[PDB]
Amino acid sequence: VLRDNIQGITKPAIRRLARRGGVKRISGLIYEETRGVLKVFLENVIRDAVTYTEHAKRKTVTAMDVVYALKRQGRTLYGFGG
Amino acid sequence: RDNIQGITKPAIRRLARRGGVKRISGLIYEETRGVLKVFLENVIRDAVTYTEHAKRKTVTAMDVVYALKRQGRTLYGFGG
Amino acid sequence: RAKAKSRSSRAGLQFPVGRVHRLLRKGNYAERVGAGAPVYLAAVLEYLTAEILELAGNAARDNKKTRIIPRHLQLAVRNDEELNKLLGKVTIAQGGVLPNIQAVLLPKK
Amino acid sequence: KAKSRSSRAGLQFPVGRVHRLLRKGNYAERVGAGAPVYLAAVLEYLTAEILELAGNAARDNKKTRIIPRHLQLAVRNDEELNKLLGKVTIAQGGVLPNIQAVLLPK
Amino acid sequence: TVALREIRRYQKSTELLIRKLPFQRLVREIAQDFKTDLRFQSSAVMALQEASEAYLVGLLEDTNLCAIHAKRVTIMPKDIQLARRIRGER
Amino acid sequence: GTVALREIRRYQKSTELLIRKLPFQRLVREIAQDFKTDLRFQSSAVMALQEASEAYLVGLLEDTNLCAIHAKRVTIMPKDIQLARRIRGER
Amino acid sequence: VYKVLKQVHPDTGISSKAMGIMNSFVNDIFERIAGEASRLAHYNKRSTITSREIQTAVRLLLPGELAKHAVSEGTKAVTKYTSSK
Amino acid sequence: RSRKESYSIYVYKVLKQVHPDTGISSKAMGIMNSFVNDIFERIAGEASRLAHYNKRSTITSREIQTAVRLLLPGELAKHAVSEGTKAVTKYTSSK
DNA sequence: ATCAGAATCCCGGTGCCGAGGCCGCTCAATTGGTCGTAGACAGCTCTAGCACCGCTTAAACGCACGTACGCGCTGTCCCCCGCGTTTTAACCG
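Chains as they are written, first to last, in the deposited numbering: chain O, 21 to 102; chain U, 23 to 102; chain Q, 11 to 119; chain V, 13 to 118; chain M, 45 to 134; chain S, 44 to 134; chain R, 38 to 122; chain W, 28 to 122.
Please keep in mind that the hints were generated in silico from the structure rather than gathered at the bench. The C-beta atom is built at its ideal place from N, Cα and C for all residues, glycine as well. It cannot be assumed that every hint is accurate.
[As the list claims (entries may be wrong)] With a straight-line cut-off of 30 Å between C-alpha atoms, the simulated BS3-like cross-links for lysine-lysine are:
| # | chain 1 | residue 1 | chain 2 | residue 2 |
| --- | --- | --- | --- | --- |
| 1 | S | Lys115 | U | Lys31 |
| 2 | O | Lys77 | M | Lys79 |
| 3 | R | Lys40 | Q | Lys15 |
| 4 | O | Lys59 | V | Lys75 |
| 5 | U | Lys31 | S | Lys79 |
| 6 | Q | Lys118 | S | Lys122 |
| 7 | Q | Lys99 | R | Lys54 |
| 8 | R | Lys40 | W | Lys122 |
| 9 | U | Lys77 | U | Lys59 |
[What the hints assert, rightly or not] Some but not every residue of chain W turned toward chain R, in silico, with C-beta under 10 Å:
| # | residue |
| --- | --- |
| 10 | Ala71 |
| 11 | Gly72 |
| 12 | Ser75 |
| 13 | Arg76 |
| 14 | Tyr80 |
| 15 | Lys82 |
[Claimed, not checked] Partial chain O-side listing against chain W, Cβ under 7 Å, derived:
| # | residue |
| --- | --- |
| 16 | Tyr98 |
| 17 | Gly99 |
| 18 | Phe100 |
| 19 | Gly102 |
Given the sequences, and given the hints that come with them, work out the whole structure.
The structure is reproduced here in structure tokens:
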């Protein structure tokens with residue numbers, strides 16, 4: 021289904037990366053908040069990144085717009101474009 | 023000497039009595055003091071350069087505002 | 011005779027457009043600036059200042075004080091979660107926050 | 013032929029690339045001109061520093077290839093570089109190959 | 045005992061554990077839910093998934109660092125809130 | 044530790060400075076000379092710097108105190124500041 | 038300045054320290070918006086700050102819902118400005 | 028304009044001058060290009076900020092030198108300013 | 001749960017020095033014409049954007065047994081809190 025995919029993002033991957041991060045055990049109340057705040061953060065990131073692209077009368081979200089949006093957010097990451 | 027004693031022990035104890043910390047330690051005061059020197063030195067150095075570009079050798083309010091805006095975490099001073 | 015008016019006022023605003031327009035032109039950002047854009051800036055600034063002053067005044071009236079002080083401004087900023095999101099990078103003298111104290115600070119029995 | 017400033021200035025980095033910005037961007041009526049060579053030199057010397065640091069970091073693992081993992085390792089071994097980009101984290105950073113006593117057995 | 049083997053193995057490899065197609069689909073769905081009929085680059089999706097991966101691994105390293113600080117390894121939601129509150133984004 | 048939370052509330056309402064003229068003044072003066080001698084600092088600016096310093100101290104100490112609550116009951120340690128600083132990125 | 042505040046709240050006084058605080062606040066906000074608009078112009082190769090530049094910067098700055106209401110009010114205000122005399 | 032400008036090729040030229048055998052990866056190439064473009068935009072923004080603030084409607088050498096000093100630590104920028112002042116004087120004197 | 005104690009929250013009187021406000025002026029805000037110039041809309045090249053498919057299976061999800069640890073109690077000692085008193089210095093002028 022191409023809707024209501026909040027349950028789509030998977031916790032096992034976060035658990036495995038935490039294991040890579042040293043963590044040997046996690047809890048059940050953690051992901052309850054972690055997933056919610058992750059969804060809130062993703063919503064905000066997508067909103068400001070697509071707001072950034074709207075200036076140049078473009079329809080597709082470009083790499084440099086996303087990188088500069090994260091730069092304005094203070095949580096920047098570098099990649100191919102930018 | 024008096025450079026490290028510019029801020030007293032009960033001064034940091036008051037800053038802890040208004041900053042959450044209920045239990046303090048001797049070494050904590052020294053650490054917070056060193057962090058304060060790092061912060062103050064950064065701001066004063068930025069102000070020195072900015073008041074050297076215009077050849078003035080003294081900071082105004084606006085100078086302080088621009089110096090602290092360079093640190094990212096901006097602040098709004100008096101006057102302007 | 012022509013009526014030389016402030017172009018913000020014709021748009022229903024109060025902030026004079028001349029100073030910000032001069033700052034834009036003299037600021038080495040772009041030698042050509044349109045007329046509508048500083049009007050939009052004036053409108054946004056007026057709305058934001060009016061909103062923060064009204065919210066601070068309501069908080070101050072709740073705080074049993076007739077006039078505004080920076081503490082009431084801090085409480086007004088911390089009251090709205092969106093203002094904490096955006097204006098969280100700036101604080102004002104003698105900062106404050108809602109009673110988020112726990113129950114582990116007091117000695118246990 | 014055509015006497016460009018690259019050979020005269022002895023610099024491989026592009027000179028008038030900044031002049032493009034200054035001209036078309038119309039930033040001011042008095043902007044750049046001398047700014048190009050200055051920033052080009054600063055960027056060149058910073059890139060030389062970063063190249064040296066990355067090369068030093070790469071040889072620690074007896075490998076002679078460059079990966080952004082090693083860039084993260086070199087940056088995180090520098091406290092000043094950390095303070096420059098304290099609100100930044102580079103992907104694939106992971107953890108260091110030195111293991112603390114907390115994870116190892118008795 | 046296998047934790048040591050896993051640590052060495054994950055230090056030797058660096059594959060992106062979050063997959064490009066589910067996150068791409070999630071981004072498409074959310075973007076079309078906010079503003080309908082807009083396109084999204086594949087490179088932007090890869091950059092966004094890299095940003096999210098870096099954010100979560102940094103957050104979990106901070107969580108582990110706070111855990112071992114309080115002589116623990118398993119952690120409670122309070123640590124996550126702690127990290128977000130010190131970072132101030134919450 | 045129990046009257047301390049009451050003192051926390053008391054200093055929470057307080058909205059005035061503490062060490063402006065005689066102290067902090069001598070501090071900034073000293074540091075200024077250290078970098079470049081014959082410097083001065085506006086009184087309003089002095090007040091603004093002191094309030095910014097004390098506000099940042101309040102925030103960072105609150106962060107360190109909530110990190111110290113994770114170590115059980117109430118006690119601060121140097122490692123608390125160090126760890127928190129590193130996590131945030133200051134260290 | 039101050040005239041507007043007395044119109045909306047005559048019973049609230051304000052010291053000059055607060056007036057300077059908001060003056061520095063609007064100074065910083067204007068500086069950030071102007072810089073962001075200049076960067077957006079550089080990215081899309083523009084030597085003239087038009088309505089779209091400042092509108093996009095304003096929507097990027099404040100959160101979505103309030104930004105949308107503010108730009109709607111700005112649109113109705115600019116239509117009033119261009120239509121009246 | 029249609030030609031996709033890249034800034035990693037200049038780094039590649041310096042690298043070939045030093046160590047042409049070894050090199051960088053594609054993702055890493057993107058990383059350094061984004062770093063170069065970000066630093067380029069940051070120094071442009073620093074020049075714009077200084078020019079706005081001090082009513083500096085020009086930017087010859089002192090302004091960008093102050094921008095370099097603000098961007099970078101004190102000692103490294105001071106040495107860079109020294110060699111930059113020498114270079115600009117030599118360039119003006121040579122012609 | 002329940003009464004007494006220390007600190008705290010709001011209010012009253014006074015010093016004042018920075019706030020509330022009047023006036024000029026001058027340097028800036030406005031109005032008006034030019035027009036080459038630079039942003040908005042139709043069109044060329046063509047790249048990758050939305051959605052799904054052949055095939056294998058790594059991994060997500062659900063479930064079974066149990067151990068390292070989550071959380072709480074107990075011993076300690078040392079190491080910082082509570083309070084009286086002195087000096088000493090912060091803000092005042």
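Among the hints numbered above, which are violated by the structure, and what are their numbers in rising order? 4, 8 and 15
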